[PDB]
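Residue strings, one per chain:
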Amino acid sequence: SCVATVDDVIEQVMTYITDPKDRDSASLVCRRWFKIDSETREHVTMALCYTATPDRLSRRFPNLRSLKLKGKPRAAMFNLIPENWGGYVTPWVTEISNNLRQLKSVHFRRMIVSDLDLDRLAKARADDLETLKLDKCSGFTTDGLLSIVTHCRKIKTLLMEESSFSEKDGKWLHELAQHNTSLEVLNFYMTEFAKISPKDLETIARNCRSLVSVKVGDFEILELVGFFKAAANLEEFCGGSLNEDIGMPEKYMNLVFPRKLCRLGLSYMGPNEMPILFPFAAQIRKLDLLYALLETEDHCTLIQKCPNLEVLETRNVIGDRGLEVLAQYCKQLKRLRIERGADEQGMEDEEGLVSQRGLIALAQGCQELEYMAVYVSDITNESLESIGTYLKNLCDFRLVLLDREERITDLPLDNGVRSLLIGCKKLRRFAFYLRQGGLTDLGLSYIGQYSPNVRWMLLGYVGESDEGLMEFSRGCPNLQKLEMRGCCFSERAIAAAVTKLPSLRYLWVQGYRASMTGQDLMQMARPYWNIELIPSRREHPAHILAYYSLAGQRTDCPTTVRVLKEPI
Amino acid sequence: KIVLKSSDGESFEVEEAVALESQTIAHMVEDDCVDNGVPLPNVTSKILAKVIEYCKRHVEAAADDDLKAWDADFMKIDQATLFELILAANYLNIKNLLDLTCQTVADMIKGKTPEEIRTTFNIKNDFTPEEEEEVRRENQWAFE
Amino acid sequence: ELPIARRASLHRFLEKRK
Ligand SMILES: CC[C@@H]1C[C@@H]2C(=O)CC[C@@H]2[C@@H](C(=O)N[C@@]2(C(=O)O)C[C@@H]2CC)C1
Numbered sequence: 012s013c014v015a016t017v018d019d020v021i022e023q024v025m026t027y028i029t030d031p032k033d034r035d036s037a038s039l040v041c042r043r044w045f046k047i048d049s050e051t052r053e054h055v056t057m058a059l060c061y062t063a064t065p066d067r068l069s070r071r072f073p074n075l076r077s078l079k080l081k082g083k084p085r086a087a088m089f090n091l092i093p094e095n096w097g098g099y100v101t102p103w104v105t106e107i108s109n110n111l112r113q114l115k116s117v118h119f120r121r122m123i124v125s126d127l128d129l130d131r132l133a134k135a136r137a138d139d140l141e142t143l144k145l146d147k148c149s150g151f152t153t154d155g156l157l158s159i160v161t162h163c164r165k166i167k168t169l170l171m172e173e174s175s176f177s178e179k180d181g182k183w184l185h186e187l188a189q190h191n192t193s194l195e196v197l198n199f200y201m202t203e204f205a206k207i208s209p210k211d212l213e214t215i216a217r218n219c220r221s222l223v224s225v226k227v228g229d230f231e232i233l234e235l236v237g238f239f240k241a242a243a244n245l246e247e248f249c250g251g252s253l254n255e256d257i258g259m260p261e262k263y264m265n266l267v268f269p270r271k272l273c274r275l276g277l278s279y280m281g282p283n284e285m286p287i288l289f290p291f292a293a294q295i296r297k298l299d300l301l302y303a304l305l306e307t308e309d310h311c312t313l314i315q316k317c318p319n320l321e322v323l324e325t326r327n328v329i330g331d332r333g334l335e336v337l338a339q340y341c342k343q344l345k346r347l348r349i350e351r352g353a354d355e356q357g358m359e360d361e362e363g364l365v366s367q368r369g370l371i372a373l374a375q376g377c378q379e380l381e382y383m384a385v386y387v388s389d390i391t392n393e394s395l396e397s398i399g400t401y402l403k404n405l406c407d408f409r410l411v412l413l414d415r416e417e418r419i420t421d422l423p424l425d426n427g428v429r430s431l432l433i434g435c436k437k438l439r440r441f442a443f444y445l446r447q448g449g450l451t452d453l454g455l456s457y458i459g460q461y462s463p464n465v466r467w468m469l470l471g472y473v474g475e476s477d478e479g480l481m482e483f484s485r486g487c488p489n490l491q492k493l494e495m496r497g498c499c500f501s502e503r504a505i506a507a508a509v510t511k512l513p514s515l516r517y518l519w520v521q522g523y524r525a526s527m528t529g530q531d532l533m534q535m536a537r538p539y540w541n542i543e544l545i546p547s548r549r563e564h565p566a567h568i569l570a571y572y573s574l575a576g577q578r579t580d581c582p583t584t585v586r587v588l589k590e591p592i
Numbered sequence: 005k006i007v008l009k010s011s012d013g014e015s016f017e018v019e020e021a022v023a024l025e026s027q028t029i030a031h032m033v034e035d036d037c038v039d040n041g042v043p044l045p046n047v048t049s050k051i052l053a054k055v056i057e058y059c060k061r062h063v064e065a066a067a080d081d082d083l084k085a086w087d088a089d090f091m092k093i094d095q096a097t098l099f100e101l102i103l104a105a106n107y108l109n110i111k112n113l114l115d116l117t118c119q120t121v122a123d124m125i126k127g128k129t130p131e132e133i134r135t136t137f138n139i140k141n142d143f144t145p146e147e148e149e150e151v152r153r154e155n156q157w158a159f160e
Numbered sequence: 200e201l202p203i204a205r206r207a208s209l210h211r212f213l214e215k216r217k
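Chains as they are written, first to last, in the entry's author numbering: chain B, 12 to 549, 563 to 592; chain A, 5 to 67, 80 to 160; chain Q, 200 to 217.
The shape of chain B in the complex, shown without the other chains:
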């Protein structure tokens, strides 16, 4: 017996380190520690799939149990990125098929998944695949689905939210009904399915005792009563469809909602059907009024009933008035999102605008907020000051102001932004999209200067000249990903700022002072740094996308995409 070293005990200890950023470190302390991390890492996420070879991954982490790949850039979620752009998943499944023999969970996000490659997935992994997440993907069909539900008989979680595919039939759902037991979560939330029987969804609920969440297409809620009755342990339900004909004023007044149901959002819900929630609103903790059909008043009467609500997502109809209701009724709120509604026929009402008024009201009410994302119609430096004044543990903050309004109160926001970034020092993600005169080179340099923890930034029409970009660039200690559109910055301005940024690994840009040369961008050509240029699909300015990759340049570029490689 010699003295006991750390070496004699590290194999055991490693598996108690969960934090991805601590494994990141542990792997770098020496050769043995690196191997031990390598063989024990369970989950890995690639923010961009083109960032490394699928070979490189399987070599470094032979024993992955869970994997998550992202393809197309965030902009794709706004119909700004060509469909053919990339993110094909096939190289990765043929890698999983051969070298990740341990994988039980797969999550593809904004990628291209084909019928072939998921039949390949299905057959290669079979019963071992507990979870499959097709998050906002395209390129497959119900055949693909039918293939994974017949070969993976033990699927616990299955997800297709916002995916676009070709619907040929419904035998995929029916096959779940007839044979699946293990299902825990089932999600096809933003999806046009027109050939699936609700009877099948009902028989699934009857068979999967562990069924906890389910989100759904445009099913008629009435056809789901059989479901709801059988879905005992159900905690979350988003989706469905509330269709009111006048011939039944009391159509939806006999709804038996599962007892445990505490996270939800019915689609198309009007004021007439809204009442069906009251009998248990004290219990609701998450609300998705995103696709609800109710007006600024109706919002207030409902929010008012949910004191324990800690997450709300809704359109800007919520109104300043609504936000005020939310300010002293739901103190427990942690996440709030306000996507922009119909900005065509006026607003959705005459209170359906949000402004400094509601903002500052909210800042005082819910000081527990950790994520706040708002499409606002008018602001004030003062409002921002109160943000960074009350809700300290804001982690994700996103603000976008609509061009709808003509004159906005006080416009240059330099000093508001400043106290915000200074109070919310827990901030890690930050989005700030304005109108032209919105922020000055001085205010911009504030951002670089007072955002030490921010790793992602989306920036609107900020700055006035290349001065503000360069000033900004000497800051941002931890900035990794940077997206900016609608900017007055020049090609050589960008290029020079990228070199000054210490942490930057991903950059997307739409709108910038170009040049026929194109050679201005070149002055940022590091090694391992790929740059690409784009048009747009679903008058579109050229996009710039650049990212680090230990792979080299992708083979799969569309024709519509150009890769820069020094003097052409």
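Hints were generated in silico from the structure; no laboratory data involved. Any given hint could be a false lead.
Across the chosen pairs, the derived CB separations fall in these ranges [said to hold, decoys possible]:
# : chain 1 : residue 1 : chain 2 : residue 2 : range
1 : B       : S108      : A       : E17       : 55 to 61 Å
2 : Q       : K215      : A       : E149      : 51 to 57 Å
3 : A       : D115      : B       : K403      : 55 to 61 Å
4 : B       : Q460      : A       : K140      : 53 to 59 Å
5 : B       : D18       : A       : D115      : 20 to 26 Å
6 : B       : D229      : A       : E149      : 50 to 56 Å
7 : A       : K54       : B       : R537      : 40 to 46 Å
8 : A       : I93       : B       : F289      : 56 to 62 Å
9 : A       : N46       : B       : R537      : 52 to 58 Å
Every residue gets a Cβ at the ideal spot worked out from N, C-alpha and C, and that includes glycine.
Following the hints, put chains A and Q with the ligand in place on chain B, whose structure we already have.
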């Protein structure tokens, strides 16, 4: 009451349900060698001592707030000891003790940089700079 | 002229509205 004979010949009087916390001694009352007392020549006597003190205290859960207290305090020891404990919790089969001794070492890492680590553990970095670069590159550009 | 791009999920809903 059972007798555990330490690594350096040292009998130990311990209760029934105290020595059963180790599924290594539990699975050894079947093929009962408990005749000559359970021999375990791979536990220093100083350590085996600290082990029984842990089990003793947890067994008295028949009668949760003040446990995380005693536990946090029980761990205030030096490294070389902390390690010999993990090795011991794993030489026996005390699942609650490994979840503690290992989680303690794991906390010593959680937060430090690669340098701060091999510092506070005395480990010589043996990466050729190319290796170190590839790993840092994989870590910050590709995976996580 | 860079128009505020609408998140696809909503854009789909706003038309299923009318
Ligand atoms: C190319 C960038 C896109 C640009 C798009 C654009 O035109 C405005 C914002 C939208 C963008 C955005 O993500 N907006 C938010 C949101 O999560 O939707 C963050 C803001 C929520 C309040 C991204």
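For each hint, the structure was consulted:
1. For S108 of chain B paired with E17 of chain A, a C-beta distance near 59 Å keeps the hint of 55 to 61 Å intact.
2. At about 52 Å, the CB distance of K215 of chain Q to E149 of chain A agrees with the hint of 51 to 57 Å.
3. For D115 of chain A and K403 of chain B, the hinted distance range of 55 to 61 Å is not satisfied, since their beta carbons lie about 33 Å from each other.
4. Range check, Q460 of chain B to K140 of chain A: Cβ separation about 40 Å, and the 53 to 59 Å hint is violated.
5. For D18 of chain B and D115 of chain A, the hinted distance range of 20 to 26 Å is satisfied, since their beta carbons lie about 21 Å from each other.
6. Hint check: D229 of chain B to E149 of chain A, Cβ distance near 53 Å, so the stated range 50 to 56 Å holds.
7. Checked against the hint of 40 to 46 Å, the pair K54 of chain A and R537 of chain B fails, with Cβ atoms roughly 54 Å apart.
8. A hinted range of 56 to 62 Å holds for the C-beta pair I93 of chain A and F289 of chain B, which are about 58 Å apart.
9. Taken as a hint, the range 52 to 58 Å holds for the pair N46 of chain A and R537 of chain B, whose Cβ atoms sit roughly 54 Å apart.
Violated hints, listed in ascending order, are 3, 4 and 7; each of the other numbered hints is respected by the structure.
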